[PDB]
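Undergrad: With the hints as extra help, turn the sequences into a complete structure.
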Amino acid sequence: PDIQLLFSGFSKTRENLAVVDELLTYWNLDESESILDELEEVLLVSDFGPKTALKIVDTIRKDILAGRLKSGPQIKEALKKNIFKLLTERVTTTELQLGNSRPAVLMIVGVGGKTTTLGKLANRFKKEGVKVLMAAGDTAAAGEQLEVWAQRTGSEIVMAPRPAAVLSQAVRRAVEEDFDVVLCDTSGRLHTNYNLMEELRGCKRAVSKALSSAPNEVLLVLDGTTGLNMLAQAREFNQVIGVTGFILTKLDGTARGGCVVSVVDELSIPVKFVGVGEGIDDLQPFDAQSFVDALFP
Amino acid sequence: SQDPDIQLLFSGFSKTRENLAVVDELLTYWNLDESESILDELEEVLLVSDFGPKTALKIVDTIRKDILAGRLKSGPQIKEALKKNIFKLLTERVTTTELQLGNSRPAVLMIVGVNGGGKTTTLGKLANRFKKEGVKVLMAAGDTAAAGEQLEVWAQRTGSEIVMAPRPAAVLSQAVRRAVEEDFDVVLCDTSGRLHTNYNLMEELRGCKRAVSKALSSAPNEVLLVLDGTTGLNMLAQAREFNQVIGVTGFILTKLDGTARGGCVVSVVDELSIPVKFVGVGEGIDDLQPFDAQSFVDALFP
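Going line by line, the protein sequences match chains B and A.
Residue numbers 79 to 189, 192 to 219, 222 to 242, 247 to 383, in the authors' numbering, belong to the letters of the first sequence in order.
Residue numbers 76 to 219, 222 to 242, 247 to 383, in the authors' numbering, belong to the letters of the second sequence in order.
Take the hints with a grain of salt, since some may be wrong.
Stated by the list, open to error - Derived pair list, reagent style BS3-like, types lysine-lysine, alpha-carbon separation capped at 30 Å:
{"#": "1", "chain 1": "B", "residue 1": "158", "chain 2": "B", "residue 2": "90"}
{"#": "2", "chain 1": "B", "residue 1": "336", "chain 2": "A", "residue 2": "133"}
{"#": "3", "chain 1": "B", "residue 1": "133", "chain 2": "B", "residue 2": "159"}
{"#": "4", "chain 1": "B", "residue 1": "163", "chain 2": "B", "residue 2": "140"}
{"#": "5", "chain 1": "B", "residue 1": "90", "chain 2": "A", "residue 2": "129"}
{"#": "6", "chain 1": "B", "residue 1": "336", "chain 2": "B", "residue 2": "159"}
{"#": "7", "chain 1": "A", "residue 1": "148", "chain 2": "A", "residue 2": "129"}
{"#": "8", "chain 1": "A", "residue 1": "295", "chain 2": "A", "residue 2": "206"}
{"#": "9", "chain 1": "A", "residue 1": "211", "chain 2": "A", "residue 2": "295"}
{"#": "10", "chain 1": "B", "residue 1": "336", "chain 2": "A", "residue 2": "206"}
{"#": "11", "chain 1": "A", "residue 1": "158", "chain 2": "B", "residue 2": "336"}
{"#": "12", "chain 1": "A", "residue 1": "148", "chain 2": "A", "residue 2": "133"}
{"#": "13", "chain 1": "B", "residue 1": "336", "chain 2": "A", "residue 2": "129"}
{"#": "14", "chain 1": "B", "residue 1": "148", "chain 2": "B", "residue 2": "159"}
{"#": "15", "chain 1": "A", "residue 1": "90", "chain 2": "B", "residue 2": "129"}
{"#": "16", "chain 1": "A", "residue 1": "159", "chain 2": "A", "residue 2": "140"}
{"#": "17", "chain 1": "A", "residue 1": "163", "chain 2": "A", "residue 2": "140"}
{"#": "18", "chain 1": "A", "residue 1": "133", "chain 2": "A", "residue 2": "158"}
{"#": "19", "chain 1": "A", "residue 1": "163", "chain 2": "A", "residue 2": "148"}
{"#": "20", "chain 1": "A", "residue 1": "140", "chain 2": "A", "residue 2": "154"}
{"#": "21", "chain 1": "A", "residue 1": "295", "chain 2": "B", "residue 2": "129"}
{"#": "22", "chain 1": "A", "residue 1": "133", "chain 2": "A", "residue 2": "159"}
{"#": "23", "chain 1": "B", "residue 1": "336", "chain 2": "B", "residue 2": "207"}
{"#": "24", "chain 1": "A", "residue 1": "129", "chain 2": "B", "residue 2": "133"}
{"#": "25", "chain 1": "A", "residue 1": "90", "chain 2": "B", "residue 2": "90"}
{"#": "26", "chain 1": "A", "residue 1": "133", "chain 2": "B", "residue 2": "129"}
{"#": "27", "chain 1": "B", "residue 1": "206", "chain 2": "B", "residue 2": "140"}
{"#": "28", "chain 1": "B", "residue 1": "336", "chain 2": "B", "residue 2": "206"}
{"#": "29", "chain 1": "A", "residue 1": "159", "chain 2": "A", "residue 2": "206"}
{"#": "30", "chain 1": "A", "residue 1": "154", "chain 2": "B", "residue 2": "336"}
{"#": "31", "chain 1": "B", "residue 1": "90", "chain 2": "B", "residue 2": "159"}
{"#": "32", "chain 1": "A", "residue 1": "90", "chain 2": "A", "residue 2": "129"}
{"#": "33", "chain 1": "B", "residue 1": "159", "chain 2": "B", "residue 2": "140"}
As the list claims (entries may be wrong) - Label pairs and their computed distance ranges (CB to CB):
{"#": "34", "chain 1": "A", "residue 1": "109", "chain 2": "B", "residue 2": "81", "range": "37 to 43 Å"}
{"#": "35", "chain 1": "B", "residue 1": "280", "chain 2": "A", "residue 2": "78", "range": "47 to 53 Å"}
{"#": "36", "chain 1": "A", "residue 1": "145", "chain 2": "B", "residue 2": "173", "range": "47 to 53 Å"}
{"#": "37", "chain 1": "B", "residue 1": "280", "chain 2": "A", "residue 2": "365", "range": "51 to 57 Å"}
By construction, these hints were calculated from the structure, which means they are not laboratory data.
Positions of the beta carbon are idealized from the N, C-alpha and C atoms, including for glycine.
TA: Put into structure tokens, the structure is as follows:
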């Protein structure tokens, strides 16, 4: 978890949020409700969604009316703590759960971003001495793009033609050849239809048939530049297949960084990685405290 | 000037237009094999500018059908259809963007919304438009206490008269009565509002509407909801809430020069079926412009 990569990645979001400090020099009990309305609107500008911003600021209001918070600096500290709590109190661990046995199998799903993320995940595993096999289940440039990442990261790759058969072939090969992790690509569209839905579920079934412990992770890749708008496709994908974690890409230069909090809060599924740059190492594991410190240093 | 200043609109939407500029590049990669992939990418570019998921879905879905039907066969043609579909969404369902001042005077416009200061500023810039057209304006400080003082400054800058306080309904009714007696052409009313309505505030706003209609049965002629454009699509929550309290006849979307999320204009018209009547595109007093769907589309996609 590279702190300066996270810090630079959230610089545009942090710039909108910087007005919060200015706003809270103006705090006293008499002028509080107006100031908190303005605070809530600052959060909405950074894509904390209406419900998330409501609950963050509502907790602060109760604490003020109860006498627990009685200064700008104290309110600022409560804001940070409440955001940390929203990111952590309900969700399971941000860590990948690879289990006891090998191979672990990770399915990557979502609506090019997926291909890039797949490559950067492979690079992380390779750096730790882990033996990776990629599976090109997005059936045709997708397969070729994935091949470049394989060669680039020193991973092996299984290619096509039916996605389910590609995935099951890769899982079988990994079990036979003592691979530690299989990284699967899958087909997806912005709007799911019956057929695409049937295909993705069929992929999950083929994977579980080839290896009953699989998939260990289903990771949904979302474009952070769409901000809160990503919730619609996230809800849809989770209806198709049990998503175990999110990967939010392209957060670098987004001003809409509050969407990270909203997606965790609304969907009760952890964000596991954030993409904070174009570099191969710019896919970072998510940590709630580091994220909060990046928005509010 | 009932026509919008085109260069003010153009500069006002520059941040939105810069995200939307990638559309042309994207469409250079368009062909029938990758059509579905390209249109997904297109739809995502719209989402970045806060065309909301439902609005972006229906814009692009029409293009998908026209492609499958053979009507569209090129990047340029798809680009043209994109612009036309946005124009249609902005115009096919809503009533006129014009203010409806009616036959008799005074007309009465109530300004509502969450942000006292945005409302106050909008009120002042509306007044300035009326004054420039020779219209005699009376302001009513119904947001009951700096709100009243801020409005007083705008009354002065614009040469408008003002009625001040302390209950809002009584202030509004006093101003409407005064306008009828003293032959004013338009009364511009401020009202109280918060980000989240409670029972009491809700009741107060409804009480203001009732006091206004009792003082003059043709009033209010307009109920204009002022929304902060920098919150983008997030403004839909407070817009739905206000329209449940009082019959909103038009939106005013402010601070649009500060955001890339200009698609929120389309989303609000699409979702709420109520026209956007003005857009605020700068800090200048003349930077409140009357809305026109064609001009807006040309500002996003020149």
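Undergrad: Cβ-Cβ distance between residue 145 of chain A and residue 173 of chain B: within 47 to 53 Å?
TA: 51 Å, holds
Undergrad: Hinted pair, alpha-carbon criterion (30 Å max): residue 163 of chain A, residue 140 of chain A. Please report holds or violated.
TA: 16 Å, holds
Undergrad: Please work out if residue 336 of chain B and residue 206 of chain B have their alpha carbons no farther apart than 30 Å.
TA: 23 Å, holds
Undergrad: Assess, step by step, whether the Cα of residue 133 of chain A is no farther than 30 Å from the Cα of residue 129 of chain B, and give holds or violated.
TA: Holds. Residue 133 of chain A to residue 129 of chain B sits at ~25 Å (cutoff 30 Å).
Undergrad: Given the hinted pair residue 159 of chain A and residue 140 of chain A, is their Cα-Cα distance within 30 Å?
TA: Given pair residue 159 of chain A, residue 140 of chain A holds - Cα atoms ~15 Å apart, limit 30 Å.
Undergrad: Is residue 336 of chain B close enough to residue 133 of chain A, meaning Cα to Cα at most 30 Å?
TA: Given that 30 Å is the threshold and the Cα spacing comes to 25 Å, the pair holds.
Undergrad: Is the hinted pair residue 90 of chain A and residue 129 of chain B satisfied, with a Cα-Cα distance of at most 30 Å?
TA: With a Cα-Cα distance of about 27 Å, the restraint between residue 90 of chain A and residue 129 of chain B holds, given a limit of 30 Å.
Undergrad: Could you grab the alpha-carbon distance between residue 159 of chain B and residue 140 of chain B and see if it respects the 30 Å cut-off?
TA: The given pair, whose Cα atoms are some 15 Å apart, holds under the 30 Å limit.
Undergrad: Taken at face value, is the distance from the CA of residue 207 of chain B to the CA of residue 336 of chain B at most 30 Å?
TA: Distance ~22 Å between residue 336 of chain B and residue 207 of chain B Cα, so the pair holds.
Undergrad: Just to be careful, I want the Cα atoms of residue 336 of chain B and residue 129 of chain A compared with a cutoff of 30 Å; is the pair within it?
TA: Within the cut-off at roughly 23 Å; holds.
Undergrad: Has the given pair, residue 163 of chain A with residue 148 of chain A, been kept, meaning a C-alpha gap of at most 30 Å?
TA: At roughly 21 Å apart (the allowed maximum being 30 Å), residue 148 of chain A and residue 163 of chain A satisfy the hint.
Undergrad: Can the restraint linking residue 129 of chain A and residue 133 of chain B be considered satisfied, given a maximum Cα separation of 30 Å?
TA: 25 Å, holds
In summary, the structure is inconsistent with hints 10, 21, 27, 29 from the numbered list given earlier, while agreeing with the others.
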